[PDB]
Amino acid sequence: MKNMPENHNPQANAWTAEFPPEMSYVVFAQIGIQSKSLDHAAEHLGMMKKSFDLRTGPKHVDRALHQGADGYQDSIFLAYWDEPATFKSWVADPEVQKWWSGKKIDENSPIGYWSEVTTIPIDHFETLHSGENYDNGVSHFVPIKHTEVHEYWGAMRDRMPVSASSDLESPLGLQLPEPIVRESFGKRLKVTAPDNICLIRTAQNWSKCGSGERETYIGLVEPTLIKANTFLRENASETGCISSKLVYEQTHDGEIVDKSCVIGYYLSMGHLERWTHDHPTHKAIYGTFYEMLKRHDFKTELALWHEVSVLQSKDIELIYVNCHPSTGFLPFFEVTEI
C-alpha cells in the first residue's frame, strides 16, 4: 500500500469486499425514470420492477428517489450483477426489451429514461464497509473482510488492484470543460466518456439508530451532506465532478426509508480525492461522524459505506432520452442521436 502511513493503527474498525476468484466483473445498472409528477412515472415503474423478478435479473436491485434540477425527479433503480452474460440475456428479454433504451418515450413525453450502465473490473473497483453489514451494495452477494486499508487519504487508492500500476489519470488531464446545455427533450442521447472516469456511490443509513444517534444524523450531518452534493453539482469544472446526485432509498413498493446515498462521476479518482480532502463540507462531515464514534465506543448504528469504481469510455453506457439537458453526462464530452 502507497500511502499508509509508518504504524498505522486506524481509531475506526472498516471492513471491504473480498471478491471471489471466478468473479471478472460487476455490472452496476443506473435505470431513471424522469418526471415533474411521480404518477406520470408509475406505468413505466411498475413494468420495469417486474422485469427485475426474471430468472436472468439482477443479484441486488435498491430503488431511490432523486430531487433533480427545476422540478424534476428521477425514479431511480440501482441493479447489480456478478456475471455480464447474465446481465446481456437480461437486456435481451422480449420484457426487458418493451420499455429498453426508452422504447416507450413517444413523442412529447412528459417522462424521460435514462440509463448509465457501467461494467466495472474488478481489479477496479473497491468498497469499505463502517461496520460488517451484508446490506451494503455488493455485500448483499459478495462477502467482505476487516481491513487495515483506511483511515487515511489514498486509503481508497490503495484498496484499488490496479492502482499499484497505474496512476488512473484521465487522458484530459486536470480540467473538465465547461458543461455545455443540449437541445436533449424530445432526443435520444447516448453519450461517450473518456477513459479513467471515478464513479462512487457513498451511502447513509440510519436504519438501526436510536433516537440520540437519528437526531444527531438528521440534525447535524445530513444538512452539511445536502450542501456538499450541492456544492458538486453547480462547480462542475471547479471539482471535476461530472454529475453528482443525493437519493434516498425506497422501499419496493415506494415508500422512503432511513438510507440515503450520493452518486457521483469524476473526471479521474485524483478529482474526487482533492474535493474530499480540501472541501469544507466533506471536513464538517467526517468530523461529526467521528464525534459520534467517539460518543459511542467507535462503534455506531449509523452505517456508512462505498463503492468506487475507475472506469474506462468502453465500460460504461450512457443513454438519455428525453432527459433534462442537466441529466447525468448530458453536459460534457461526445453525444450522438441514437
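Positions refer to the first chain, counted from 1. Take the two forms, find the largest set of C-alpha atoms that superpose within 1.5 Å, and that set is the rigid core. What changes on going to the form deposited in another entry:
Note: rigid core superposed between these two forms; among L293, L54, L45, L38, the CA shift is 2 Å or more only at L293.
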Second form
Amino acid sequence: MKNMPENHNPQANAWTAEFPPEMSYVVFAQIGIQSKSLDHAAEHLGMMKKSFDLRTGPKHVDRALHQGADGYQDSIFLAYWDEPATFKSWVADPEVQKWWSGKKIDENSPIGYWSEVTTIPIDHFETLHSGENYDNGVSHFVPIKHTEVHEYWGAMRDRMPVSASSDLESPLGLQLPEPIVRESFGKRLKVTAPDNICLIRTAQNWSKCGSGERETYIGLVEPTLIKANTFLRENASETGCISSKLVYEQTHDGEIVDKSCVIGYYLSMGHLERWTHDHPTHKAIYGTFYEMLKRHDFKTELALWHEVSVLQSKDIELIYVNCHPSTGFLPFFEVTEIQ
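What I would like now is the form deposited in another entry, since the data block earlier showed the form deposited in one PDB entry; can you produce it?
Chain alone follows, minus partners and molecules.
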C-alpha cells in the first residue's frame, strides 16, 4: 500500500481473488502445439484434451490460438491447479505420459511441442477484475472480493503481498540481454530462467458486449492492443519483455470466441511497470479504453482482468521440443539439451 495516493477513491469498482487459507500455490501450465497447418496439430490436441478430465486434471483449463510470425501457430492450453501435489499426480498418469514433454515428437516432425509450467506461491500472486466475473482464470474456482487497491500506478505491486517485504528486482539488474538465435528445431531444449521474473496474463472479453460497444472495442481499442503486443515482441531489450503472445480463446472444439489475452514474461515486475506507466503503446490502449467508456456512459459490458505472478527459477519449467527459435524463452538465459 506504499503507492496508494492520499485521499484515494477509485472511480470504478474492481475485484480481486481471495485465496482460501489452505491454499499455498497455484500451478499455471501453458502447453502448446506449434504448427504451420492446424491439421497437423489435431491429433496431439485430442490426446491432451482427453487428459484434462482425469480426476487429477486441472481445476480449470482455457484453450487459445496464437498467430506467431513466419506463419507458425501455437495451439495452447492454459491450465490451472490449486494443489501442486495433484498436478504432479496428473503428470505421472500414463495417459499424460504418452505425450508429456513432447514424447510423441520426431526429429523431422512438422509440429513442435512446448510447455511452460509455473508453480506460483500465493504470496507472489495477485489478480484484478473489472467486474464480479467468475469466469476469469482462477476466478473459476477461487472466490473474488471487492477491492479499492486499483486505479493508480503501483496498485498491482501493492496487491501482491510479498511486495511489502521485497523489491522484487531481478538478479540480472535492469538490462535484459538482446535475444540470441539458437538452433532449436530438431532438439529437446530446457531453459533455466533467473529469479523474480514476472508473468502477466491480461485478458479481454467482449462476449457480453452489446452490438455498439463491440464495434467500438474492435474498431478503436483492439488495434492498439495488437500494436502494443507487436512492439513488445520486437523490442525485448528495450522493454525487458522476454516473451509476449496475443492469443484468441477457443471453445473446446476450436471455435474462436470473443475473448483474448496477452501472456507476457518480463525480467522483473519493474520492467512491466515502467512499460505500462510510461510507454506510448499502453498509453494508447488506456486512452482508447477511456474513449470507449465516454461513448457508452462509463458503464461497459467489456470484461477485463489479469493475473500477475513473480517467479523463482526453480518454480518455472520451460521445455521446447522442435520449436521455432523465437518461441518463448528460447532466445534468453541458459539452455540445456534434454536426453
